[PDB]
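Undergrad: Take a look at the letters that make up each chain.
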Amino acid sequence: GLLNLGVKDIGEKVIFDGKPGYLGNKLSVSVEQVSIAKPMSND
Amino acid sequence: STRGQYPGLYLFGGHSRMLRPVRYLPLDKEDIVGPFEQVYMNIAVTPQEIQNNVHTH
Amino acid sequence: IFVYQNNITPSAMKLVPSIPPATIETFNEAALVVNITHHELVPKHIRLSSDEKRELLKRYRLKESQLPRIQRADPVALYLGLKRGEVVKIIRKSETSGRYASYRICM
Amino acid sequence: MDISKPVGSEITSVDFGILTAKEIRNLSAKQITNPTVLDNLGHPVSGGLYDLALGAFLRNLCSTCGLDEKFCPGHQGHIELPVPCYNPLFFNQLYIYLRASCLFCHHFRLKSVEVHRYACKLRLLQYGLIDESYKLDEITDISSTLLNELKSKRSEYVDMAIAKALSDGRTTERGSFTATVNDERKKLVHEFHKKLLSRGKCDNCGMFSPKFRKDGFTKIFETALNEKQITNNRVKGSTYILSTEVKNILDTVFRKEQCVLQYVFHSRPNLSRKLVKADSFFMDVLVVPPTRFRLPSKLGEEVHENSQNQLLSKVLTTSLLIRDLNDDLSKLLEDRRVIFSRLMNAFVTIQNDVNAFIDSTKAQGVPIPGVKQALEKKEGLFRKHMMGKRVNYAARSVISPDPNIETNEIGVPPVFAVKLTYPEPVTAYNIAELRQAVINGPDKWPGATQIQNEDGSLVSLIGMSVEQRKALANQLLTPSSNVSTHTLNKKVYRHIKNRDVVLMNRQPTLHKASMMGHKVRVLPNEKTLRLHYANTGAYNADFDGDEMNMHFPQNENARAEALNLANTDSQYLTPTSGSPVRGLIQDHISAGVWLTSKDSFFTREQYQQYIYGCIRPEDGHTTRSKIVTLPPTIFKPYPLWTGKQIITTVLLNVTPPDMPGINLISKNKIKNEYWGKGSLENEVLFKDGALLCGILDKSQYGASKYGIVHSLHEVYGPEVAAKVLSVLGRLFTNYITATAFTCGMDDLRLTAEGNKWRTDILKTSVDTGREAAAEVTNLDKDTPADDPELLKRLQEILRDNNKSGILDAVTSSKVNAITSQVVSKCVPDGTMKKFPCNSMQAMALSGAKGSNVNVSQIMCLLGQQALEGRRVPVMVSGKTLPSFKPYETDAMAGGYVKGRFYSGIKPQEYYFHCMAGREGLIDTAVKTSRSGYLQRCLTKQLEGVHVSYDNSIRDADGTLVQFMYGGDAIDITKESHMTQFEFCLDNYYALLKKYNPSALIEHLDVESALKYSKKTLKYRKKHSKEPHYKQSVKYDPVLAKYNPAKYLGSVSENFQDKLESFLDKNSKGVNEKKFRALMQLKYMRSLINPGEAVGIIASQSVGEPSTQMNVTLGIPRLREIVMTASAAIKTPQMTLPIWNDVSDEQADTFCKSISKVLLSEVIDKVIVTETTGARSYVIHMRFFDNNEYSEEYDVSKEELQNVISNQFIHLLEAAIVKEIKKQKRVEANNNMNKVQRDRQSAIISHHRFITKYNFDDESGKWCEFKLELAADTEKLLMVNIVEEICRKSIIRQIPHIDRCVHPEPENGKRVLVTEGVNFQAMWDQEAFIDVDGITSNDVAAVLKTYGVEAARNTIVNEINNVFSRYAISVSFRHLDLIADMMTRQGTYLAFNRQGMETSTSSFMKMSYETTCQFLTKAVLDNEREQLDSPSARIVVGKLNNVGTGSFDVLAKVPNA
Amino acid sequence: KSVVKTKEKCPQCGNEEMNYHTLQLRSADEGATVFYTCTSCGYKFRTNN
Amino acid sequence: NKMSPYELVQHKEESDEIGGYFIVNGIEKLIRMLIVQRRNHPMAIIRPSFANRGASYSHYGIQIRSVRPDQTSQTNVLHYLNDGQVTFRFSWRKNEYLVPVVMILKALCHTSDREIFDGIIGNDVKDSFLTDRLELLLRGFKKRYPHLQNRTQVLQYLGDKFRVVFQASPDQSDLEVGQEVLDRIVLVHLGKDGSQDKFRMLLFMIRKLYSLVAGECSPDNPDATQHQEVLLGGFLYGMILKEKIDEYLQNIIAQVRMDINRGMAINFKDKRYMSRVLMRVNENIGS
RNA sequence: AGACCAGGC
Ligand SMILES: Nc1nc2c(ncn2[C@@H]2O[C@H](COP(=O)(O)CP(=O)(O)OP(=O)(O)O)[C@@H](O)[C@H]2O)c(=O)[nH]1
Ligand SMILES: [Mg+2]
Ligand SMILES: [Zn+2]
Ligand SMILES: [Zn+2]
Ligand SMILES: [Zn+2]
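Protein chains in written order, with the numbering used here: chain A, 1 to 43; chain B, 44 to 100; chain C, 101 to 207; chain D, 208 to 1663; chain E, 1664 to 1712; chain F, 1713 to 1999.
For the record, the hints were derived by calculation from the structure and aren't laboratory data.
Check the hints yourself; a few may be wrong.
[Said to hold, decoys possible] Taking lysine-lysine pairs in the DSSO-like style, the calculated list, with each CA pair at most 27 Å apart, reads: (1) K114(C) <-> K408(D); (2) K13(A) <-> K1873(F); (3) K1806(F) <-> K569(D).
[Stated by the list, open to error] One side of the interface only, derived from the structure: several residues of chain A facing chain F at Cβ under 8 Å: (4) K13; (5) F16; (6) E32.
Ideal Cβ placement from N, Cα and C applies to all residues, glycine included.
Make the full structure from the sequences, and use the hints.
TA: Shown next as structure tokens:
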């Protein structure tokens, strides 16, 4: 699907620590899969 | 052409195109054409107005 | 009046208002090749006397500053040599009326 | 409004002053101090924005007057701004006086004798002494003793000139402030402020002051003094500054110069003698509005506080932070700097909040709107709630058409008859019918909904039974028990009866006949308005879903104006041209062709049925109380009548007796050849009221001049012609419902011979597209369509836009001459069914509905589908469409469609016809919005100009536009039959009754105006062979000496010279002198009445026909003339009269000597040659052959050498040096003769970097010159340079003239049109051009060289032929006033905000646009206005000074 | 200076007006294929040479 | 989805009920189709508004609208300056940015300077219009940028200038944040492993822009439907869904940015901290 | 009382 190709196109985004050269820890956060469900209610 | 559009052969096969069916005269079948494609070819509106060696569709 | 060829020195344009009450007017020699009052689109301009200025401001009960205005520096006021505050009778041809006298004052 | 509640006091004037801080501490109810609007539990907190001292808020009594919500007016409060801040309305003028002033002696930086020169010229302009201010200026490093002697004599001249002019009856001690002294005062203050701002040193004490800087608003900076000229401030023995210090400077500057600034800030003499202060420009106190005017909006629970409470809270939030920043300074570097750097930031934020409260566009931080932006545009306050308002007592509904209504009535529904109501006070003559109305109740027409008691009380009848309601019917006419209300009586708000008046209205109200006053007639059934068909063309109203307004007037002053003045029967003729707008339209015109035919014969039962079906004596249409008939046309075998004889006795019953019948000889739209051979049915003939010949048509009844309804309007009156349109509207409706009228498929067929004529002409169109293509391509003839040279140049035509225009205009010229051959042949001669039976032709020829081009496209062929000038557009490939091959020369392939709407158009013909149909639907959209703002700019200037009782039209403030309306003061709606002398002679005894000459002698002077009209007629026949400059006239016309509304025989000179030209020729018991005595009475009654809103009429007569719409043309031309008054005209021209001596060969070799010749126009090609490694260039410019350009441009070989020598290279040397500056970031020998080696040596000497030069001296074909550069420079293109220089170099040019064309002689005279304006240079050509006949197009250039009255004559003709191109007739009385209003100051002023600044009415300028720019200029001038303009008497609620309110009414009471 | 410079006999039913269209398919080396299409019967065929 | 017209009546809908639309708050909304420029075609464009980019700007220019495989677009307009040089124009956020194209011709692949010449000039070396305009283009790069000789040095300059605006990370070198410029901006319908094809397509676009200023080409009409394309509305619903999860993936970093600037209790390997900080962001993308 | 959308003449 095109949304998974859009998930892949955004890619990974990082942010480092202030805790002690190296910057800290990477946190290479991303999305890798998106899926839409048919509508379900809970009654 | 003299001072016309920039020449070249442009092939398109992607999403979101505009497409209409047209009947192709050698080996009479269906052909699907686009607006960028239609501006240089000679379709006819009825088969009683076909002129020889100029009309493709 | 004073007719010159090409230009006047800007140090010499200070002398044309330098005498009261006698005024000095100034004209090009190339602006006088055609008299503009002979043109078809202009009417017969006639300046009015001090008595005829009173009889116009009395019939219409006008102030001096409520008439239509003519500038002092258009080439018809320069032709007639108008000092400020005097009325010019304008004999105007029209399409359905013909002759009718209009008026302008030069401020 | 209640007519039983008078008012004795009236507002006379207003004046704009600055509201001082001392007043608004005494004005104030309670100062509000905390930025919390309302606290918990829904109460308003005391001390906040919502407060009970500021007004009653939300079911709670006030704390100032103690009243509730409905009765508290709201009260003024304020806040205390702790620092003086900048008022944004005055900051642009505060920054002028903060600059331009010394900071050391605190004068301005001018010398004190020149500041005094403006102090006493502005004093002379406060009074009416516009001329004495220039004599004052004729009074004349320098010691300061004679300067006091200079200031003395200038001050004594003013005190003598003010004393003389106030003694000699001229100027009041309140001064005189006309419009042209507002010009001389605005010109003098703008000159004074411009000269203040440009001063280096203070000319009183000579040392510098630091210049101030304003980047944007909210802040002021001063800059540090330079490092050089600090020496001047040592021989006299950046920084943000505070608004208290800016005020501290200008509290000293305005005191040291009090004697001057009193006249800058006053248009009129200051009789209060108040000081002008710097506190005017600052505001130390904000005024909060009353809390009534800032109540919050509410949508269920969604309640939001008002935008002003959001803006006044942020000022109060900053006004407490700035006091809490003063806590540490009250206790007292690091403890001092952080508390001061945060205090200075509070100074800027309290300024940015006092700006954003007043002006939202002066804010920063989608923004919250301020108090300026509640006033400015459409959706403002002047334009949304003052000039236009929502009204009570008014309905709107869809209209449906209706016969059987008497052409001045409207048909109202029952449910509009119930709701709309009228206050009738009970009297002795009402309690018969107004007691019956109050018994009927709110829901029984005719009834009543309320009774208003004497006390002002009001009793509703809605929730009441009939037993309770009959008791109130016996309460109406009772004597009042209150002495204080003893002269008042009860008002019963009855329903709308059949005798009331109604003002109908359809948008857009493009002219005044789109808002008329109709009578009423209620109708029983449905919920829609009912409009008669004679009104459908005045409102431009069709019946495909139109809805239109219905305003019900509420007093007797308004009922007497929409029955007598704004009446629909008074609006027969429109004042645009004098042509009728009212008449029968579609079925009635198709029925009078059948009724007035020769075939129509009626028996005795039929003939008398059609008369009573239209006359009906009991409703009051007859004038005899018995229907008279005629003897029949035929007596044997049985009696038959004729449809001529129908309308003879229809007109015999609606006419007044003892007044002879109508006499008319007119024609109609149907020719004689449609009725056969020997027919006379084209001319109509009325003789003593009897139709004797001719069909009746659109030209007779219908909106058309000089028909029978237009002639019944003149001889008998407007009440007769409005009654004839009713009776004929019922005579033809009753004729149609017994003898009908259809168009079918039968009506559209040609014959088998006519279809053969059609196809044989269209076979000649198969070669038309090729002959037109072969002509434009400059092949000769008979070349085939597949010729490769034909296809090559057609591809060259397509790539250019102008070459494709002369191909689309030659083919369209040829194929429209094939269209004109089928319409000439196949209709009517080839049609199967013919006239009168051919109903498609019968209603196109009669003007009922349709055209001859409409039946062409139906029955013959549809034609060339023309786009915006051109033919159908072509693709990039040379194909017009995918069906057609590229570049084929077929007429069908380019938009000429041969198929007709009867038999169909082909799919490629269908697609071309859809391109032209979409073109019409966009021009119907985009070109009805451009003429809407033409009329708004026109009506705002011309709202107040009107006929005075001097018959001398003038503006509302008193300034005079013209001395007589049109030069003759006759009304356009009364001058139609004024020069129709053959009509008025045939109807002499019937026109003598309506003017009644014997009863109208006592109030006249018949004797005196006739004598002076013979002294001038004899003088002008004797003189006036000479031209106009020789005529010392010695005698004015009788209009300029005698009042034409009182003196009989005081007529215009065209009326006298056309009556004495008519009555001389033909000699026809009326003699010669009784006809000239009745036309002069017809002239005098056809004078224009004083009070006519002429400039509205003159601006509606231009804006409404503008919706009907090689030089600029149309509504873009009217914007250039009227709206912008552009001196930068788009395409100026100049018409040059060729003499009779010079022939056509001496005139077109003459226009080759004026039209410019570029150097680009003579060059074939330019071949540069660059060899580098000193950068060299070989500029070789190749020309055409000398026999080719010396014939085409009359350029000699030697003159082309001088352009390269003295003009081309001096522009080329500049362009090379300009680019090197901006980048720092076969032929002959060389030993030719001694002169060419020195011709070369002079080119090298006087130029910068030339090393060689040679022109083709023996043939004039080439010019080669070497052009070296330095080796340091990088690469220049040197062809794009040369081409741009070759297009700017001129071989020969008369300045400001680029082309001179010799067109075909239009209308006899020989014409030579140029494409640019230079009058000085065309005066040298006396031998070719009549210099005393040079007219033009540039209205601003004829004003500069020929004067004011010549530009006034130029502007009339240019606004004439923009309407004469579309065959639109708008009369020269509306064009005269727009001319004399635009040149009223001796200049060429526009109808915009830049041309209306010289005007006395402040609310007129504020209502138009830029409201708070004219607002500041009024309050700075302290401008009092007399409330004269119509835009200024609606803001304050006065009766107008135009028309009905142009006088007062006084009541003669018998006892002293 | 720019402008002064100056039948098939279809065997199925018999028809001479027969709609044809030449079209060079693969390269300029081979002959142009003439695609024939009739109207009186509608039979189609092509022609190399 | 695959219901028969019998089963669409049993589920209350309608028999021949065509879908197409969104039910939002009981109201049947639908996203309209928009006609827009064709993908992946450089069309020669004359506009009077191209002159208002500053001084020396011509009315000439070329413009491509490259779409990505997730159907998201990016225009790359080339301008022609009257000085002789050309200019690459793009837009990453709601402001525009201007780059000379020789900076991009030397950043896509390892080029010579005759191979920049040979990609525009074919066998028509004798065409002295093109050779003079290509003198000014290649010498203007050496004049204005006397450094930046090889591909790895041009690409660090292009990454140094577009680092704070493309929201780069401190880990990325200037060599590889310059490739982050080239992968999201210039001719984005080739993607990664297509820098050879991006090179040849730029040499196509400069020569077509020089063929437009020479008069050899008609400007391609953007208002004719020959050069038009349809935004379907369903793809634009997916274009906006890329952004709202592009923004969602940034709010979970803008929340731990707020945690760095304030707090200390941060452990990136803690699942307890992941669920702690992921509940502090706005996850309601469907609203 | 605004925004946007759909219309009417
Ligand atoms: N001021 C405006 N008036 C309009 C507008 N639309 C319609 N109208 C008025 O309504 C009338 C509608 O006329 P049409 O636009 O339909 C022109 P049409 O060719 O349909 O005339 P007929 O064929 O005679 O009906 C027309 O007289 C206009 O005065 C509008 O957008 N603005
Ligand atoms: Mg309508
Ligand atoms: Zn109160
Ligand atoms: Zn000083
Ligand atoms: Zn056959």
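Undergrad: Hint by hint, work out which the structure violates, then give me just those numbers in ascending order.
TA: 6
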